[PDB]
Structure formats: C-alpha cells, structure tokens
Amino acid sequence: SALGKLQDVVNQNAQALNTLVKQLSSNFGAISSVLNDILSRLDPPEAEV
Amino acid sequence: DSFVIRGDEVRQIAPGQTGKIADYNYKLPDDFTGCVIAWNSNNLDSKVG
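Protein chains in written order, with the deposited numbering: chain B, 943 to 991; chain C, 398 to 446.
Rather than coming from a laboratory, the hints here were simulated on the basis of the structure.
There may be inaccurate statements among the hints.
Unchecked claim - The calculated label-pair distances, taken between Cβ atoms and stated as ranges, are:
| # | chain 1 | residue 1 | chain 2 | residue 2 | range |
| --- | --- | --- | --- | --- | --- |
| 1 | B | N978 | C | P426 | 45 to 55 Å |
| 2 | C | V445 | B | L981 | 41 to 51 Å |
| 3 | B | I980 | C | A411 | 46 to 56 Å |
| 4 | B | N969 | C | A411 | 23 to 33 Å |
| 5 | B | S968 | C | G446 | 56 to 66 Å |
| 6 | C | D420 | B | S975 | 39 to 49 Å |
| 7 | C | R408 | B | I980 | 18 to 28 Å |
| 8 | C | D428 | B | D979 | 40 to 50 Å |
| 9 | B | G971 | C | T415 | 36 to 46 Å |
| 10 | C | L425 | B | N953 | 20 to 30 Å |
| 11 | C | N439 | B | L966 | 19 to 29 Å |
| 12 | B | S967 | C | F400 | 21 to 31 Å |
| 13 | C | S443 | B | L977 | 43 to 53 Å |
| 14 | B | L962 | C | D398 | 45 to 55 Å |
Ideal Cβ placement from N, Cα and C applies to all residues, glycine included.
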C-alpha cells in the first residue's frame, strides 16, 4: 500500500473503464442488452423506440 | 397517395411498417410528416365475385 497513491488512480481508471464497458451488459429496460439481436426480433415501430 | 387496401393489413399504412404490402407495394418513411385517411368504399370498389 506504500504505492497506494499511484495504485488508487490506476485501479480507479481500470475499474471505471471496466464499468464503462460492463454498462453494455446492462439492460436499461430493453428486451436484451445486445444491439445486434434487438433489431432482428423488433419491427421498426417498436425497434426505434 | 390514393390506393385501395383491406381492413386486415390496413394498419401497415403508418410510418416504418412491414408486411407484404408495406414491403412490396407502398412503404412510408420513418420520418413521416402527414396523415392517412380511410373510409369504407363498398359502394364503389367492391364488385360481385
């Protein structure tokens, strides 16, 4: 922990980018989190919304 | 835009709709700025047989 002052920023940046990427796994109310699948199963009047 | 359709599938005359008529005969854009009007035309567009 002696190098904690560089480790906390390195860990926070790795965790922040990891969380930023992980937000693509979040659903936000959609039927599925993956964009490639949403368009296939949804007709434009519901796919656009 | 004037044409005859049927009550079944008549709902496809709306922006961004799919189906045999909407995909192969008349397709409305997603960004439609206008309105569609329909009325029963039995006396003029229906003939026996």
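Evaluated hints:
Evaluation of the 45 to 55 Å hint for B:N978 and C:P426 yields a failure: the beta carbon distance comes to about 24 Å. A beta carbon spacing of about 45 Å between C:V445 and B:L981 agrees with the range 41 to 51 Å that was offered as a hint. Taking 46 to 56 Å as the suggested C-beta distance range, the pair B:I980 and C:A411 does not conform, at roughly 21 Å. Checking the proposed 23 to 33 Å range against B:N969 and C:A411 shows it holds: the Cβ atoms sit about 28 Å from each other.
Between B:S968 and C:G446 the beta carbon distance is about 59 Å. The supplied range of 56 to 66 Å therefore holds. Against the hinted window of 39 to 49 Å, the Cβ-Cβ separation of C:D420 and B:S975 comes to about 29 Å, which falls outside the hint. Roughly 23 Å separates the CB atoms of C:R408 and B:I980, a value that falls within the hinted 18 to 28 Å. For the pair C:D428 and B:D979, the supplied restraint of 40 to 50 Å is violated, since their beta-carbon distance comes to about 25 Å.
Between B:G971 and C:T415 the Cβ separation comes to about 23 Å, which falls outside the hinted range of 36 to 46 Å. As the Cβ distance of C:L425 to B:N953 is approximately 53 Å, the hint placing it in 20 to 30 Å is violated. For the hinted restraint 19 to 29 Å between C:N439 and B:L966, the CB-CB distance of approximately 54 Å leaves it violated. A hinted range of 21 to 31 Å is violated for the C-beta pair B:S967 and C:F400, which are about 46 Å apart.
Taking 43 to 53 Å as the suggested C-beta distance range, the pair C:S443 and B:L977 conforms, at roughly 46 Å. In this structure, B:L962 and C:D398 meet the distance hint of 45 to 55 Å, their C-beta atoms being roughly 47 Å apart.
Checked against the numbered hints above, the structure violates hints 1, 3, 6, 8, 9, 10, 11, 12; every other hint is satisfied.
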